[PDB]
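*Asks:* Letter by letter, the chains look like this.
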Amino acid sequence: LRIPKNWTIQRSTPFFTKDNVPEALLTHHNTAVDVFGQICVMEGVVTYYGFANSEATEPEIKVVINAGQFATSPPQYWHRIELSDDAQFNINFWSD
Amino acid sequence: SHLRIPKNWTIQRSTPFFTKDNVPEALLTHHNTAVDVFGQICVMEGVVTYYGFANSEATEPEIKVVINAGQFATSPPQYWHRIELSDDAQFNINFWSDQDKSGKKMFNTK
Numbered sequence: 004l005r006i007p008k009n010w011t012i013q014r015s016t017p018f019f020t021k022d023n024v025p026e027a028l029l030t031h032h033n034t035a036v037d038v039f040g041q042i043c044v045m046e047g048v049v050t051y052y053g054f055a056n057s058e059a060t061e062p063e064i065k066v067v068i069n070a071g072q073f074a075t076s077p078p079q080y081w082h083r084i085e086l087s088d089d090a091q092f093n094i095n096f097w098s099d
Numbered sequence: 002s003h004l005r006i007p008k009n010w011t012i013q014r015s016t017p018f019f020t021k022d023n024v025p026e027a028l029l030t031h032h033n034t035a036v037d038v039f040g041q042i043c044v045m046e047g048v049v050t051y052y053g054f055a056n057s058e059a060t061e062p063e064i065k066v067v068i069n070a071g072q073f074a075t076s077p078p079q080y081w082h083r084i085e086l087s088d089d090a091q092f093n094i095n096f097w098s099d100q101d102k103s104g105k106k107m108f109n110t111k
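The listed protein sequences derive, respectively, from chains G and B.
Residue 99, in UniProt numbering, is where the first sequence stops; the numbers in between run on with no holes.
Residue 111, in UniProt numbering, is where the second sequence stops; the numbers in between run on with no holes.
Calculated directly from the structure, the hints in this document are not laboratory data.
Ideal Cβ positions, reconstructed from N, Cα and C, are used throughout, including at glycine.
Fair warning: there could be bad hints in the mix.
Computed from the model, here is a short list of chain B residues facing chain G with C-beta under 7 Å [claimed, not checked]: (1) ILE12; (2) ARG14; (3) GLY71; (4) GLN72.
With a cut-off of at most 25 Å between alpha-carbon atoms, the simulated DMTMM-like pairs for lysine to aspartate or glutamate come out as follows [as the list claims (entries may be wrong)]: (5) G/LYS8 / B/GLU46; (6) B/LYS8 / G/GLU85; (7) G/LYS8 / B/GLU26; (8) B/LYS8 / G/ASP37; (9) B/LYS102 / B/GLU61; (10) G/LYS8 / B/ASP89; (11) B/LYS106 / G/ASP22; (12) B/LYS102 / B/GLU26; (13) B/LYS8 / B/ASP101; (14) G/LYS21 / B/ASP99; (15) G/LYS8 / B/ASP101; (16) B/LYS8 / G/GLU58; (17) B/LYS8 / G/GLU61; (18) G/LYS21 / G/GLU46; (19) G/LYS8 / B/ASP22; (20) B/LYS21 / G/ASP99; (21) G/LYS8 / G/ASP22; (22) B/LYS65 / G/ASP22; (23) G/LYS8 / B/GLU85; (24) B/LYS8 / G/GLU63; (25) G/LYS65 / B/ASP101.
Which stretches of chain G does chain B cover? Using the computed rule of at least three CB atoms under 8 Å from a CB of chain B, they are [stated by the list, open to error]: (26) 6-19; (27) 27-40; (28) 52-59; (29) 78-89.
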C-alpha cells in the first residue's frame with residue numbers, strides 16, 4: 004500500500020529517543036483503523052518488524068530504517084520497532 | 002550529511018503532497034524557511050533535486066542534493082534554496098520549530 008495523493012497528516016508526534024519514547028510504540032501493536040504511519044529517522048537506526056496479523060509469532064517483514072530515511076506502516080498492520088541507542092525519530096500519521 | 006534537527010523541536014505545520022501538477026511555484030524558485038524554522042522535505046515517490054545558496058543573492062548553487070523516494074532532507078532556518086521535481090515526483094514538507102509558530106510565516110520568497 005502507498006499513501007493516497009489526497010491524504011494529509013492529521014497529526015505528528017514529537018521526536019522520540021531511547022530516553023523518552025512511549026512504551027506503547029516499542030511493543031507489538033497496530034496503527035489506527037484507517038491511518039498510515041510514517042516513521043522518519045533523523046539519527047541512528049530504527050528496526051521495523053511487521054506481522055501478518057495479531058496472532059503471528061514471527062515477523063513476515065523486517066526493515067532497517069537509517070537516518071535520512073522513512074518507512075510507512077499501512078492502516079491496521081501489526082508491528083513493533085526497536086531503536087539503536089542513538090535513535091531519534093518521529094511519526095507522521097496520514098488519514099482523512 | 003543532512004543537518005540534524007534538535008530533538009526538542011516540534012512540527013508546527015505540514016504541507017499536503019505535491020507533484021509537478023500542483024506544486025506551489027514558490028518552491029521552484031529561491032525561498033528560505035523563516036527564523037527558527039527547520040524545513041524537512043520527504044520524497045514519497047520519484048525524485049526531488051535540492052539546490053542551496055550561500056545567501057539571498059547567490060546565483061550559482063553551493064550545494065546540490067538528490068533526494069529519492071523513502072528519503073528526506075533538511076534545510077536550516079533562513080537558508081536560501083529551491084527544489085526541482087522529476088515527472089513522477091511526489092513529496093511534502095514538514096516545518097519544525099523550537100518555538101510556537103502559530104499564525105506566523107513559515108517561509109519567505111523572492
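*Asks:* Taking only the CA atoms, is the gap from B/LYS8 to B/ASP101 under or equal to 25 Å?
*Replies:* OK: B/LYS8 and B/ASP101 at ~15 Å, within 25 Å.
*Asks:* For B/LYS102 and B/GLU61, compute the direct alpha-carbon distance and say whether it is at most 25 Å.
*Replies:* violated (31 Å)
*Asks:* Is the Cα-Cα distance between G/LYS65 and B/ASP101 25 Å or less?
*Replies:* Roughly 37 Å separates the two Cα atoms, so the pair is violated.
*Asks:* Please verify whether G/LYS8 and B/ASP89 have alpha carbons no more than 25 Å apart.
*Replies:* holds (12 Å)
*Asks:* Given the hint that G/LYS21 pairs with B/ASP99, does the C-alpha gap stay at or below 25 Å?
*Replies:* Given that 25 Å is the threshold and the Cα spacing comes to 20 Å, the pair holds.
*Asks:* When you check the alpha-carbon spacing of B/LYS8 and G/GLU85, does it fall within 25 Å?
*Replies:* holds (18 Å)
*Asks:* Has the segment 52-59 of chain G got at least three residues whose CB is nearer than 8 Å to a CB belonging to chain B?
*Replies:* Coverage by chain B is violated for the segment 52-59 of chain G (0 residues, Cβ < 8 Å).
*Asks:* Could you grab the alpha-carbon distance between B/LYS102 and B/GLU26 and see if it respects the 25 Å cut-off?
*Replies:* Holds, because 23 Å separates the two Cα atoms, which is no more than 25 Å.
*Asks:* Quick check on B/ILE12 please, does its C-beta sit within 7 Å of some C-beta on chain G?
*Replies:* Holds, because the Cβ-Cβ distance from B/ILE12 to chain G comes to roughly 4 Å (cut-off 7 Å).
*Asks:* Run the distance test for G/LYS21 versus G/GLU46: straight-line Cα separation, threshold 25 Å.
*Replies:* This hinted pair holds, its Cα atoms lying about 12 Å apart.
*Asks:* Is it true that the CA of G/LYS8 sits at most 25 Å from the CA of B/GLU85?
*Replies:* Holds. G/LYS8 to B/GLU85 sits at ~19 Å (cutoff 25 Å).
*Asks:* Going straight from one Cα to the other, do G/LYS8 and B/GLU26 come out at no more than 25 Å?
*Replies:* Roughly 19 Å between the alpha carbons, so the hint for G/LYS8 and B/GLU26 holds.
Hint compliance for this structure: hints 2, 8, 9, 11, 15, 16, 17, 21, 22, 24, 25, 27, 28, 29 are broken, all remaining hints hold.
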